[PDB]
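Novice: Chain by chain, the residues run as shown.
Protein chains: 2
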Amino acid sequence: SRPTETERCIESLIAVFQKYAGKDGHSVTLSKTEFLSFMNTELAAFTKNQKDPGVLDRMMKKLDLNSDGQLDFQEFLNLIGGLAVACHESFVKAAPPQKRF
Amino acid sequence: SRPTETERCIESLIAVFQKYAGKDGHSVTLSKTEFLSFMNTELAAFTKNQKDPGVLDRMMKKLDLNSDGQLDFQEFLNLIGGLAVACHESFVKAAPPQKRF
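Chains as they are written, first to last, in the entry's author numbering: chain A, 1 to 101; chain B, 1 to 101.
Don't take every hint at face value.
It does not matter which identical chain is used: a pair holds within one copy or between any two.
Once the Cα atoms are required to be at most 30 Å apart in a straight line, the calculated BS3-like pairs of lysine-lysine come out as [as the list claims (entries may be wrong)]:
(1) 23 with 93
(2) 99 with 19
(3) 48 with 99
(4) 99 with 23
Quick caveat, the hints were computed from the structure, so don't treat them as lab data.
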């Protein structure tokens, strides 16, 4: 597999992490702060003017950082993935009258 | 944001789940079995001829299913995401001489 919709799907989220987590191959982790810039630089639709300080702020905080001292592989998928569920489809635009704290 | 590399990245993994987890909007979950077909139908590069029964088999089993009785949002990102780390970049093609059980 290569040109498969899913194929491009996987490589997509893995790299969002790798990009900040290493441009020339360094380690299998990243940085809580390095994630900051990425979100605001390549994910404004999720944190546009911080219209919602409960999507990103809640994820990055609850991500529980303690893996090798640095970020991680799923931590990112978890970091951004969670936002997708708290900003993109899956959960949002599905239960407008069923949303609360 | 819309045409951003990350933008397409998020929508990519969310839909892999949604697609099996509902084509016309049903719920925010999926099905352990429904995931089976998806992997073999749109992710053979990860389970091609089951060359590696430790990537998918270990993920789907350890995913710990007990959310609303059905699958879930991250469960998929976790299911496929984990594979990306156990088959795609992030972890693989990074430590050839540093891999083991």
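Novice: Can you tell me if residue 23 and residue 93 fall within 30 Å by alpha carbon in one copy, between copies, both or neither?
Specialist: between (35 Å within a copy, 15 Å between copies)
Novice: Using 30 Å as the alpha-carbon threshold, which applies to residue 99 and residue 19: within, between, both, or neither?
Specialist: The answer is between: 22 Å across copies meets 30 Å, while 34 Å in one copy does not.
Novice: Is it within a copy, between copies, both, or neither that the alpha carbon of residue 99 lies no farther than 30 Å from that of residue 23?
Specialist: between (39 Å within a copy, 22 Å between copies)
Novice: Given identical chains, is residue 48 near residue 99, meaning Cα to Cα at most 30 Å, within a copy, between copies, both, or neither?
Specialist: within (20 Å within a copy, 41 Å between copies)
Of the numbered hints listed earlier, not one is contradicted by the structure.
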